[PDB]
Every structure is written in C-alpha cells, then in structure tokens.
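Enquirer: The lines below spell out each chain.
There are 2 protein chains.
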Amino acid sequence: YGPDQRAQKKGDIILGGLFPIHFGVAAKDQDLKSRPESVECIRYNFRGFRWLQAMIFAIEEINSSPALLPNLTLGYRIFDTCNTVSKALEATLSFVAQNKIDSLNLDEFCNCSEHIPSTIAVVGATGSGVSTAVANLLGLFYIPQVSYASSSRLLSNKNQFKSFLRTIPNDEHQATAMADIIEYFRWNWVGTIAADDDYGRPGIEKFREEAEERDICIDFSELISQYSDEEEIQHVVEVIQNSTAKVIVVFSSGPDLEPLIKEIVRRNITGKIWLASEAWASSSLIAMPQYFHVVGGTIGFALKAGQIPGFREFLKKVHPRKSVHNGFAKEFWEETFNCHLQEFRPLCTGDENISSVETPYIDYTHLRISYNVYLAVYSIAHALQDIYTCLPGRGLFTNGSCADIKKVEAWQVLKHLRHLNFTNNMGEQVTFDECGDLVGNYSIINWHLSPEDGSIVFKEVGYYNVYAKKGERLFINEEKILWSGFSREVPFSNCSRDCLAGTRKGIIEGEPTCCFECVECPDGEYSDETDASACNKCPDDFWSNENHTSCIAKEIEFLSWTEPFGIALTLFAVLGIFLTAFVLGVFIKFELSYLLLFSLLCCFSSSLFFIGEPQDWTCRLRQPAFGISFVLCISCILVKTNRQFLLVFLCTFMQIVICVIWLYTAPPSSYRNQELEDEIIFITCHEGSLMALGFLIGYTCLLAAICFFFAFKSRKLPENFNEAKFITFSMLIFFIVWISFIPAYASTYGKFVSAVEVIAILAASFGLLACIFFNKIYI
Amino acid sequence: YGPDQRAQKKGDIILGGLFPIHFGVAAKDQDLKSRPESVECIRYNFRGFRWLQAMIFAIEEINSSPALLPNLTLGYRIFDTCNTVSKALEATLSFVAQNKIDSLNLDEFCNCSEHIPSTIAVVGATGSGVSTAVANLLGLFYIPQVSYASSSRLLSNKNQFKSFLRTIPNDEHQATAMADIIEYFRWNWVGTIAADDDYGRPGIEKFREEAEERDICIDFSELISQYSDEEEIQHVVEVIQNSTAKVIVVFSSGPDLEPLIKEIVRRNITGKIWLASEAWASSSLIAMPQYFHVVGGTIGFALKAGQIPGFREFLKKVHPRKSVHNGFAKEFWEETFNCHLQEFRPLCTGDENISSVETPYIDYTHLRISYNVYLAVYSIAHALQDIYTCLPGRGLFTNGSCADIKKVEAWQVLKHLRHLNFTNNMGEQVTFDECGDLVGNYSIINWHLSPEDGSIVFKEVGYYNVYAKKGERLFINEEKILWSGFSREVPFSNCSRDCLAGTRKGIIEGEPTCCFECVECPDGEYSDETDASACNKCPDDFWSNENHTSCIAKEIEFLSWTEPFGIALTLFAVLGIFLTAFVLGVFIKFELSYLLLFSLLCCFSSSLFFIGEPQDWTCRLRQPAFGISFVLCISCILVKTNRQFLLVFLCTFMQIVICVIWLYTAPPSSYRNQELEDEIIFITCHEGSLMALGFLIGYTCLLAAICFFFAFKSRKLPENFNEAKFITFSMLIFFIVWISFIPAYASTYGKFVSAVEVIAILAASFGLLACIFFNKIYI
Ligand SMILES: *[C@@H]1O[C@H](CO)[C@@H](O[C@@H]2O[C@H](CO)[C@@H](O[C@@H]3O[C@H](CO)[C@@H](O)[C@H](O)[C@H]3NC(C)=O)[C@H](O)[C@H]2NC(C)=O)[C@H](O)[C@H]1NC(C)=O
Ligand SMILES: *[C@@H]1O[C@H](CO)[C@@H](O[C@@H]2O[C@H](CO)[C@@H](O[C@@H]3O[C@H](CO)[C@@H](O)[C@H](O)[C@H]3NC(C)=O)[C@H](O)[C@H]2NC(C)=O)[C@H](O)[C@H]1NC(C)=O
Ligand SMILES: *[C@@H]1O[C@H](CO)[C@@H](O[C@@H]2O[C@H](CO)[C@@H](O)[C@H](O)[C@H]2NC(C)=O)[C@H](O)[C@H]1NC(C)=O
Ligand SMILES: *[C@@H]1O[C@H](CO)[C@@H](O[C@@H]2O[C@H](CO)[C@@H](O)[C@H](O)[C@H]2NC(C)=O)[C@H](O)[C@H]1NC(C)=O
Ligand SMILES: *[C@@H]1O[C@H](CO)[C@@H](O)[C@H](O)[C@H]1NC(C)=O
Ligand SMILES: *[C@@H]1O[C@H](CO)[C@@H](O)[C@H](O)[C@H]1NC(C)=O
Ligand SMILES: *[C@@H]1O[C@H](CO)[C@@H](O)[C@H](O)[C@H]1NC(C)=O
Ligand SMILES: *[C@@H]1O[C@H](CO)[C@@H](O)[C@H](O)[C@H]1NC(C)=O
Ligand SMILES: *[C@@H]1O[C@H](CO)[C@@H](O)[C@H](O)[C@H]1NC(C)=O
Ligand SMILES: *[C@@H]1O[C@H](CO)[C@@H](O)[C@H](O)[C@H]1NC(C)=O
Ligand SMILES: *[C@@H]1O[C@H](CO)[C@@H](O)[C@H](O)[C@H]1NC(C)=O
Ligand SMILES: *[C@@H]1O[C@H](CO)[C@@H](O)[C@H](O)[C@H]1NC(C)=O
Ligand SMILES: [Ca+2]
Ligand SMILES: [Ca+2]
Ligand SMILES: [Ca+2]
Ligand SMILES: [Ca+2]
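Heads up: the protein sequence lines correspond to chains B and A, in order.
Using the entry's author numbering, the letters of the first sequence map in sequence onto residues 20 to 362, 391 to 637, 649 to 701, 724 to 859.
Using the entry's author numbering, the letters of the second sequence map in sequence onto residues 20 to 362, 391 to 637, 649 to 701, 724 to 859.
For the record, the hints were derived by calculation from the structure and aren't laboratory data.
Note that beta-carbon positions come from the ideal geometry of N, C-alpha and C, so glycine has one too.
Hints are not guaranteed to be accurate.
Take a look, some chain A residues computed to stay more than 10 Å from chain B by CB distance [unchecked claim]:
#, residue
1, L304
2, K349
3, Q459
4, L461
5, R465
6, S580
7, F619
Pairs of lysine-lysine residues, derived as PhoX-like cross-links and limited to a Cα-Cα distance of at most 25 Å, are as follows [claimed, not checked]:
#, chain 1, residue 1, chain 2, residue 2
8, B, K796, A, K793
9, B, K796, A, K291
10, A, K323, A, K29
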C-alpha cells in the first residue's frame, strides 16, 4: 500500500527495503492554496535500480538454494524513497502496520485477514539523513534495519538507534584517511566543503579535529546542499576564488555537489585539486567529460570491491512485461529507451536489447555498494538460519530457550543479528560490533580521461588498510597520479613558500600559522635549520657569515708574533744587539765601560721580549723596559767630567722598588677587549691607573732632564774628544724619541699599540749606543 | 491512547502537545533476552509541569473568553515525552491516526465513530533532537508544529521541515552574542564544550565560525552527552585541567551538563569561568549551592520575560482529585509531597498546601519559556480566528476562496499560520518569517549567591539587542559582575601575556597564534607599538635607545668648531699670528724682509681655516696649507750668504700648478664615513690617491733637504750674527715637526685627524718665526 510503485512478492517471511530509484523530488513548492498533494520525484538513478536488482537477486538465490532456509520462502515489499525523508517515511509507515497494536491498540484491522503480514527487517535507506529518520521509527518496534550505504558516525549511537546495523564502514576512518593523505603529500593549506546534512556535517568535524593534530590549518569551510539558491552558490564560489588553496576536501553526496560543479565549470575556475569523499568519488553525475576542465585528477575513495556470480546475467534478464514482481521495470525501460510503454515519445516495441545503450545500470567495473546490499540480505538470512537450527536448552534468550520459525518476532531476529558470525563467498568473516557495523579497507582511486571515447576511468592508486598500526595505514603508489588531469609533479598548496636558512620566520597579525613572512636575522644568526622559527645566537668564539648561515667564521687572532710586519723589527733588534756586542768586543780588547755597556746591551736585547701573543709573564715583563733603561742611563751621571761612582743604586733601586710597588697596582695579566665586531679578539695588558706613567716620568723623563741641567754648561765645552757635546746630542735624541712616542702610543690599540712602544725603545737604545760607541772607538 | 499518562479534554477542535515532565528514561539496558517492554522514565521536572500548566491555562482562558473563538471550544491531548525521541514518537504516532488514510488506506477504522478526532496543531517538543524527529513525521500530514523551546538552526530549513514554526529565537544570534561577549572583554583563548545532539553540535559550529573573524582562537572542543561513560567524562576533564583557558563556552542542555558538573565539583577544579548557553543558564540542576565552588559568576543568557496575569494563582488551584483532565497532577502531588496517593512513603491526606514546600513549580521570578508556550497556543488560536472571520472572495487559498470552521483541515491552518500578524497582551506584533520563527532580545544574567538561605539568584547584567546595527548589539553594565562568585576584576584569559614595547613577537612551531613568545630586537629597534609583530628599522639619522624604544637618539656631530679642545688651539694660532705681526712691525720700523715676512705670516694665519665643520670650500682649502708654506720656505734659498732673487716662482708656481692638477684628482668635497655604530656621523674630506702626499713631498720634504745640502758647509760657519746656524736650527726643527706629524696623522680619524695636521702646521710656522725674528731683532 501507500505508494503505488512497489516491488512486491509474497513469502512466509517478508523483508522490505528502501532504495533511491530517483534522485530527488520535483522542485515545485506548495503555496498551500489548494489541498496539498503528493510530490513527484524527478530524475532517474540507474545505479539505484541496479542496487534494487542486487537485493532481488540474492532473494531469488536464497529461495532457490535448499542448503539455506529449506521449506521456507522469503518475500519482499521493496519501496522507493526518492532520496527524501518524506518519501521514506511514507513507506516505513506502511512497514509498521501490523506492529501498530502496542501503543495504538485502536487498530482493529478490518482490512485484511493476514493483516498485511509483518516485515521482519528492512534493508537500507542509503541516505544518512534518511536512515536517521527511519531508524527513529523502527526502534519503537525493534525491527532490525540493515543499511547498506548510510555511513555516518551518528548512527553508531546505540542509546537512540537501538536497532541499526550496517554493512558499510563508519566515517571515522575516512576522515582520518583524508588527513593522512594531506600529511603524506605535505600540504598545510586546504579547504573544506561539506553537504549540509548528516553525512557531511559530522564527517567534516572529524576531519577538522583530526587535521589539527597534524597542523594542517584550514582556509575556509562552507556548507552546500542541493536545494540551495544562487546567492548561496555565488557566495561559495566567491570564497573559493577569493582564496589560494588548491587542495579542496569535499565531503558530500552525489547530487548535492551537482549545483556547485555546474556553476564552477560555468565560471571555469581551473586549478583546484579535489580530494573526494567516498560518496561522490565514483558518481555518474560528476564523472562527466564536459566537467573535466575543473574536475580532473581527483583523489577519491571507494569501498572494497565484491564478487557476485551470475548477477551480471541476472541484470540482463530484465523485462517490463516478464517481471511481474517489479513495478520499477516499466519506468526503467521507458527511461533507458525513451519509449512510451502502452498496456514526442514513440511507442515501445518491447523487444529491445539493453546492452545496446550505455547506462550506469550495466556499464560498470566493480560491485561496491551492490555487494553491501548482497551482504546485508545474506546476513538477514543467516540470522534467520541460526534461529532455524537452534536446539532447546541452547538458545540466546532467557534460560537458553530459543524460539520457533513460524511465529517469529523481530526482536528475536535483532538478537540473533547482534551475535552474528558467518562467512562470505569471498571467504571472509562477517561480524557486527557492539555498535553494529563492519570494518573494511578503502581503495583509493584517481579520475583519468580514457582517451578512446571513454568518459572517465577510475585508476586505483592505492589503499588504506585500517587494520594496520596507526601512522602506517596509507599506501599510495603515486606513479599513476595525474594532478589536474595531465600533470605529473605534485602541486604546491602551502600558504607561504618555505624560505631558506638565511632567515627566521615572522608572522602577520591575525592570520593562521601556516603562512608567515620571513625576515633575515642580523649579527650572529647561525640560522642552520631550513624553517627555523627563531635563528640562534652565535657563540663568543665566532661571528655570522655574509649570508647569515652557520657561523664558522671565528674571531681575531691579533698577536703579531711571526708576522712580516714585526719580523723586520725583530731583525732590527737583533742587529741592534749585535752592534752593541761588537762595540763591547772593541771596548774589551782595546765602571763606565762595564755598567754603561752591560745595561745598554740589556735595554736593547730585552726589548724583543714584548712582541707576540702576551700572557701573564710576558705582560708583567714590560717593567724591565723601564728598569734596564734606568740602569743604562747612569752614564749621564757617571761619565761626566765633574765626577762613589757605584752609587747608581740611589735611583736604580728606587725604580726597582717603584716597579715592585706597581706589580701589585698594575696587573701581571693581559686583558682582552671586544671593540670591533667580527675580528675583535685582542690582548692589551690593561695598565692599571698610572704605574707605567709614573715609572716613565720617574726614570726617563727625569734622567735626561737632570743631565741637561748639568751639561748646559758642558755643551759649549769640549772634553775627552767632545764627549760632552756627544752626550748632549744623545740626550736630545732620546728626548726626541720620547716626544715622538707619547701621543702615537696613547691614540692607538691592539697590534698597533705594542709596535710604537717597541719602536721607541729601539730608537732610544740605538741612539744612545750610536752617539757614544762610534765616537769613543774611531777617535 | 498509546501511553496511559495523558492530559485529555474534549472539544470541537483538539490541539495536542508534548512536554518534558520527566528528565530522561531509566538507565537500564535491554539484553533482549525477553520480549522488550516499555521503558520507564526516571527523574521529575517541575518546570516542565509548569509549562504544561501554562498550555492548559491559556486553553481555559480562550475557552472562557467569548471575544476569541465564540460558540466553539478547544480540546487537547497533551502527552509527555520523557525527553526522548522514542517517547516522543510513541505519542506523535497516536496524533496521526485519523490522518492515516492517505498512504495506508488500510486503516478501516473499526475502533471509534468519530475515529479519534484529528489534532490540528501540535505544540512543542522542547528538545531540538526531539522536534527534529517529530517534525519529520508531521510534515507528511502537514500538521503545523509550533515549538516553544527547540531553537536550533537546522529546523529553519523549509525544504525538509515543511510545517514547523517556533516562538523562540534561532541560535544564530546566541552564538554570535557569545563571540561578541569575548570580544568585549578581550580574551583570545577560550574552550568549547557542546552537548552531542542537535542543540549544541550545530550551535558550536556557528560559534567556531564567528569567533575566527575576531581571531579568538579556540583551545579545545569536546562533546558530552548525558549517556556518556566514565572514560569519556575522564577524558573531558583531563582536557579541561591539562589546558590553561579560564573562559569555557558551554553550549549544552540542562541534564547533559549534569554528569560533567558532578565530576568537576568532585575533583574541585576551581578557576574556570563559564559562559552559559541559553538552555542551562537558568537551570535547577546546575544552579545548586553545593556546586558553587566551581560554578559561580557564570555569564548566561535568557529570553525576554513575559507577563501572564492570573497564571500565578491558576498554578495554585491544582489538586490531584479536583483536576479530572490532568493525568500528571497525581504523580506531581506525590512527588512534591513524598506521599503515596491511594484510590517508606506515607499515605497522602490530599489537603496539603503547595506553597509550603519549595520547588521550581512555584518558586520562580520570570516567565520565560512559559510565555513562549502561551504565545504558541495564542498564535494557533488567532490563526483559527482569522479562518473564522474570513469572507468569500477574500481568502488566502485558490481564487480567494477561504474555507469553513466545522470541517477544517490542518494545511489550511498552516497556511493561515504562515501569514500571521497579531498583538500580545504586552502590545507587540508577532509575525513568523519565511522560515517561521520569532526574533527576540536576550537578557544577559549572572549567577549570584543570595546570602540569606537563598540558593542562587540570577542578577541581570545587560541585554543583547538583535535589532540594532552589527558591531553595536551588546550592552553590559559590568559593575555587577562577580567573576568566579566573589571577585571584581576581570580575569586574565589570554594564551601568552602581552609583553611590552621593547620586544617584537616571535612564535612557537606548531602552536596557535594567540600565544607566542617575545624576544628583544637589536640595533635599531624603535619598537613603538605595544604588541608589534616586527619592530621597525631606525632611520639613518638616529640610533635605538638602551631599552630599544623609539629612536630619538641621533647620530654624531663631530666637527669641533667652538669646542674647548680646539678653542685653545685657535687662541694659539691667533697669538702666533700676532707674534708674526709684531715682528713685522719691528722689521718695518727699524725681498727677504717682504716675502719671508708676508708668506710666513700667511702660513701661520690661514692655518685656522681648517678647524670646524667642513664643506666643499673648507675641504678644498687644505692645499693652501702647502702653498703658503712653500712660499714662506723661500727664505732658505733667498737669505743665504751665497746669493735674480725674485725667482721663487721656479718652485712656488710649480707647486701651484701641482695643486691645480690635484684639484681635479683629489676632490673639493668632504666625505662622511660610518665606522662606529651609535655616534658615527663624521666628515673626513677623502683625499683621493696621492695628491697631498705628492704636494708635501714636493714642497716641504724637498725645501728643507735642499737647504741642508747647501748649509752643511754653513752650519760650521758664522755669518750675519750666526744666521746660518739659526737657519740650520730652524730647518732641523721643521724636520722634527714633520717627522712627528706623519704616523700620528696616518693612524687617527675624524675629529682627531685634523687636529694633528693643524698642530704640525702651527709647530712649523711658530718655529720658523721664532728661530729667525728674535735673533734678527735682539742683535
Ligand atoms: C608546506 O609546509 C609543510 C609544513 O607543515 C612542509 O612540511 C615539511 O616538509 C619537510 C620535508 O619536505 C619536513 O622535513 C622532514 O622533517 C623530519 C623531522 O621531523 C625529518 O625526519 C625528515 O627527514 C624531513 N624531510 C626531509 C625531506 O628532509 C618537515 O618536517 C615538514 N614540516 C612539518 C611541520 O612537518 C612542506 O614541505 C611544505 N610544502 C612545500 C611544497 O613547501
Ligand atoms: C589578550 O589578547 C588580545 C589580543 O587579541 C588583547 O586585545 C587587545 O586589546 C587592546 C586594548 O587592551 C587593543 O588595543 C586597542 O586597539 C584599537 C585599534 O584597533 C584602539 O582603537 C584602542 O584604543 C586600543 N585600546 C586601548 C586601551 O589602547 C588591541 O587592539 C587588542 N588586540 C586585538 C588584536 O584586537 C587583550 O588586551 C589581551 N588581554 C590581556 C588581558 O592582555
Ligand atoms: C586491508 O588492506 C590490506 C592492505 O592492502 C590487505 O592486506 C593484505 O592481505 C593479503 C591477503 O592476506 C596479503 O597478501 C597482503 O600482504 C596484505 N597486505 C598487507 C599486510 O600490507 C587486506 O586484504 C585488506 N582487507 C582486509 C579485510 O583486511
Ligand atoms: C530589544 O532590546 C532593546 C535594547 O534593550 C530594547 O529597545 C528599547 O526599547 C525601549 C522601548 O521602545 C526604549 O525606551 C529603549 O530606548 C530601547 N533601547 C535602545 C533603543 O537601545 C527593546 O525593548 C528590546 N526588544 C524588542 C522586541 O525590540
Ligand atoms: C572577494 O574579494 C573582493 C576584493 O576585495 C571583495 O570585494 C569580495 O567581497 C570578496 N568576496 C568574498 C566572498 O569574500
Ligand atoms: C576554461 O579555461 C581553459 C584553460 O584556461 C580553456 O581551455 C577553456 O576553453 C576555458 N573555458 C571557458 C568556458 O572559458
Ligand atoms: C527458565 O525458563 C522459563 C521459561 O523458559 C522462565 O520462565 C524462567 O524464568 C527461567 N528461569 C531461569 C532461572 O532462567
Ligand atoms: C567468530 O568470530 C571470530 C572473530 O570475529 C572468529 O575468530 C571466529 O572464527 C568466528 N567463529 C567461527 C565459528 O567462525
Ligand atoms: C595531561 O598531561 C599529562 C602530562 O604529560 C599527560 O600524561 C596526559 O596524557 C594529559 N592528558 C590529556 C587528556 O591530554
Ligand atoms: C576545593 O577548593 C576550595 C578552595 O581551594 C576549598 O574551599 C574546598 O574545600 C575544596 N573542596 C574539596 C572537596 O577539596
Ligand atoms: C476559481 O475558483 C474555483 C473554485 O473556488 C476553482 O475551481 C477555479 O480554478 C478558480 N479559478 C481561478 C482562475 O482562480
Ligand atoms: C503586520 O506586520 C507588520 C510588520 O510585521 C506591521 O508593520 C503591521 O502593522 C502589521 N499589521 C497590522 C494590521 O498590525
Ligand atoms: Ca550517486
Ligand atoms: Ca583575522
Ligand atoms: Ca532545565
Ligand atoms: Ca600542533
């Protein structure tokens, strides 16, 4: 009853089932001026009719085989939901009629002797919003509903849907797989579009939750339908164009993506690559070659293919007249042949060949959902069989007491369906869990343009083994994948391009983390990693490179030990010591010849003890550069004509005591400074307050000025071959050297602050020897 | 029929309605050993019973008033959903019994003469998952459903729910308001918890979508229920503790938050402040004083209060025996008095006062949902009235032909309900939109502990005017708000604390943007803003401060024009020029007295033309510092005893020609360098390759060495009061000055590179005058 397009056949036990023979209802709206009448469905679904044939086929095979349910035939009242909740509820109200005794005891019947014998288990409602509406109704009467293609996670909530089983995997696996795919191809900037019903809406929440643990931040999320208006589709495609994310994850059904794909190919937005949900990844409404400019190379999902024998030929035996138990065969025939059956459109002969025309009823490669229909009706049969072969004292009910077959109630069938364990034709075990659902392995496909009048061929490119460990479930042989239909390289789909190791990562205010900016980091970068969030700081021994990479450029080594700018001065000091030694040999062969020889050799020989890399000892050894000059300058008070003569310890020991007092004041320690940036490693010996200044002013600025005060009366006086004038010239030369020393010493640094001191000491020690020894020898 | 707990009363036209008298069903599960029987509901809902009384009250008021629907009474079969889809569907299958003629024509009736006269409009199903299940069923028969409290956005989809109206606002406004609240108090780190049904699940998607335009990034999102297990509640509160976000947005119903609040107060997680959805913001299951340690100061939402007169006393007239048309009064009485009515628990007298005991049936302040029930049944009445007062040729149906009253069908009532326009007792217009829903203004509340044996008082702290402009809808008088029950300052709820203007903002890899890190930025920060994402670069005139704030510290001004380190040298140059001028006056009073006076005055007077801030002219004027010395050094070849004498242009004009050739080689331009970092603004005049070196070696290193070659025979020769020896001493002094000049010039910079040149020039010009003029005068 109810609708007048059934597929009815009697039996001892009647199943019943629901199928999408059409695609939706007529788009006309009731203004409710007249009495509102039944809406007509509009498009036609050959794949849905094939699914109906798959249910019918297994019913006939069970009824023919005596090895399963003998002496007992099965019936079916298959209705047709035109993919809508209203058309589904119209049918499943006629399912529960003889069951309407419990609450409404006012049934009275008065309509049939068998009173429309009760259905025992419905099969289906492919739509997930359809099954949610039907299972609310069939949970009052505990009739088991075995869906074949409704696959949302809301239906696995057994406090509300108390009688619901399904032979399709849940969608907590598929939304994980579409996160693992993006994690495998390494994108981080995607977009989501879901159908606004119970298939896409809770299926995209799982994807949003499971693509934030992998930090794939999502650009946009928009909801579509199949009854949306042009402003909504406009808003959606403006969001699509207005963003830059090439990977779009569409979690939607077949005919709900149709108004979006129509509009996008009408506006020619080429470039986006679509991940596909399981519903429309193999869909004859989107797999059209005129759409291939935009939809191409879409990575999809499909369930594991099944094998049904003889079903291919059972499909061929269809006829509008020969099928008495099939109300849909006629409208199928006149749809596939554009006829008009009699009992614009030509009248139909009724002898046509179905394999002539091309239609998705028979043009197919793999049984996927038809296998699930087949498995569902076999599972109902095997639960009935395990009711049929139960012995007393062994059953599943109270006190082990099982029940009969001829008076069987639906809750018993549900009880035996919960504890099911049986084997396929493909030899696999089939069990429903505590939430009543199979688990299977998806087979990832890819849409290819078959270039010999073929519309679109689906090339299998991998799988997704849900049985394996987490982290390793996804195997993609990615040699076959033609991104956007033709290409071979993986398209870029990040938000910002990952820039190099010269820079760190800086951000934009109010934007997701998957796109950034990158700015170079200065003065000690050592930015070693490729996508560092903050480049490090260089260690104190090194300085950053030109291109700011890892700092192996180290600091300075300013010592000047064997440098060619100091080796010549070392040679000059050696020649000065040797010129002192030859004069010593002449003055030995042929106290003023002893002390003013030895100390004058010492002040010229120990001057080379301050060139190179300093330390504690070589930094404390700069006070003998005053002490040896103090002893060598005793000639100016010892060799005068107005000369007891060994009393030079009146001032030399005073200088030694001042140096001993300054050894605590100024340090015996070389100190580094960092005055430049890159090569600024120095050593400068850090004279404390005034120690060297006081020593110099107490010895060398005093001895020459005292000798000038005594030889101011001797410079205009010849004595001992003009030794007075020669000593006055030597004192003036030493005063000139110490006048040249001071500001050039005070204004320079590092390598060039020891070189001036050693040059001044060599100048004094060479001058005091040359103005004395040559005049004393050659005369 | 159906259930045996009705509230039934006859009438010409019967309404029917659904109400949550209990809170849920018994937690026992069917193992399905026996035949499964009807589940019993468990808790009791006094507020739900008050809502039922509010429906009954307005039905009696309409039936008493002759000014609305005269000569026509109204009936009602009010059932009770125990807040479940199954208990609702049991009732609304008994609603549609006489309507079951269209599809199932096998009704036959055979049960009643009037055949259970048809309901015309149901009222309610407060649960949004309950109304979604009922409205799928009542859209086949086009019965108008007027919900009073189901308020999700899925129900406003008129392709599927073709007959559904509601007198409660949608929840696209409330989820916007809870984003505007957080935007007003300026947090950016919140957490969301929603009930896993159709009230919280699509209501939190609107909040997630509308709190990313304001960049309030969400920490966690977890779904709860009321039939969840202890592992799930454990997982949720571990997520709550394990995070640091004090603002938690709970979008859930009354009894679904109960298992979470029980567990949280059992684990004493104090500190989180709860934003409240409209459902549980005024709920007698969560507003309990023992829970106040955790739930306190929760900002809530409530609908606009209504005013019903006499309803307070109509509630008082209740009795289990006097109410013949109310099956719930008995179980209400024995629940509110712990009696046991007869026809552990004491037997009940049946004379008790209801206002004695405290219960949410009568302990209330504002009618909120009861007003919506009242408005719903008045709206049904007024649509019936506008059917009743229609004239022919005027109606809303086809050809203007309206229909009668005595044979009225439900779709006509739906047609008149769509075009409704009527006025309240509070004088406001009530219209349903094209999606069939009122719009109202929420009144934001806050939970306060009434400290005189009061449980929890709800203090109104503002509103949310949805009629106003976007951006300005939310008014919170925030002087009343006690955060966490007692405090007064707004609690901090950001992810990272907003740090200061010394630093920029750096990020952590794999974390949301609402928390960051902040690192100081070096060497030209000028980080002026308070939360800059990247501090700027300082301009070329300035350098960054110590605390890296806005760089008003500028660069150097190294010129030394009127400095006290150059003013003394300016005084020395003026005294040198005056000492030249007095010798000029003496040599005038009492060519070697003309040229060697004027050029020797010029080389000492023009030396002050190179101290200060240089320019093009003052940078080109350093070649006369060679030219004037070249003319003043002609005395060494003009005043000799072996002296035609005006042939000084043999070398002075050669020097002038070399200077003219060098005026193109070396620039007449002062050049800046930046050798230090902070104060490094210099000007150094950038001598080109060798121009000044060639000029110096061609004039001053040549004239003295040529004069020494001629006076080597004259230094041991007195002539003209020893002028030869005096000129030899002057030439030696000039050679000493030029020997002191060179490396101290080559090794210094900036301010201290002009000071050495001007000192050397003053030393030469003072020496050549002092060794000549005094000896020529005093003799
Ligand atoms: C879009 O942005 C993605 C950031 O999420 C980039 O993903 C990065 O890819 C790198 C490889 O290309 C990964 O490097 C790997 O790091 C692990 C350490 O965990 C190493 O063992 C691997 O050897 C190393 N791979 C290689 C080839 O060296 C990054 O870890 C990964 N980033 C993250 C956060 O996981 C995408 O590369 C980028 N896409 C494009 C096209 O630039
Ligand atoms: C948590 O983080 C929030 C960031 O989202 C901070 O919000 C910031 O608050 C500031 C005021 O406290 C805002 O400054 C305002 O900026 C506007 C310019 O658009 C000016 O007109 C206002 O005068 C100015 N307000 C003041 C008082 O100067 C920031 O704009 C705002 N940030 C954003 C992105 O909107 C919260 O302050 C922070 N919470 C705590 C406790 O630190
Ligand atoms: C699940 O997917 C896996 C992977 O494709 C399939 O496991 C394979 O099974 C065959 C037969 O046992 C083995 O030869 C292969 O080695 C397996 N692959 C592995 C272990 O990686 C499996 O058939 C799929 N289906 C089911 C129901 O498990
Ligand atoms: C909506 O909220 C607004 C704000 O509280 C209410 O508007 C006020 O209405 C009264 C009466 O007309 C005026 O005196 C106030 O000035 C209004 N407030 C404004 C304009 O900010 C209004 O009553 C609420 N309800 C409805 C149905 O609009
Ligand atoms: C797309 O970008 C343009 C450019 O500003 C803007 O005007 C338009 O509103 C955007 N559309 C959407 C849907 O954001
Ligand atoms: C769309 O673009 C593709 C390539 O840019 C081009 O081949 C095709 O003709 C375009 N179609 C339309 C309708 O613009
Ligand atoms: C035993 O079985 C009978 C009927 O099968 C049942 O009524 C009884 O309750 C059972 N007793 C037990 C203990 O299981
Ligand atoms: C029952 O199912 C389990 C796993 O689901 C399987 O191991 C076992 O073999 C099954 N029983 C039979 C008899 O096949
Ligand atoms: C909470 O944090 C602890 C500390 O690492 C961790 O062991 C635990 O798993 C966390 N719990 C959750 C729910 O993340
Ligand atoms: C919870 O904590 C509050 C304050 O820290 C304290 O007053 C209260 O006694 C605690 N309760 C329990 C059960 O620990
Ligand atoms: C006029 O009204 C009659 C009955 O009310 C109806 O049958 C007819 O179709 C109407 N015609 C028009 C043009 O509205
Ligand atoms: C009908 O409703 C509109 C707004 O909804 C209002 O302006 C008008 O006054 C109403 N009509 C009557 C008669 O009140
Ligand atoms: Ca399809
Ligand atoms: Ca933003
Ligand atoms: Ca409540
Ligand atoms: Ca992360």
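Enquirer: For which of the previously enumerated hints does the structure constitute a violation, in increasing order of number?
Expert: 3, 4, 5, 6, 9 and 10
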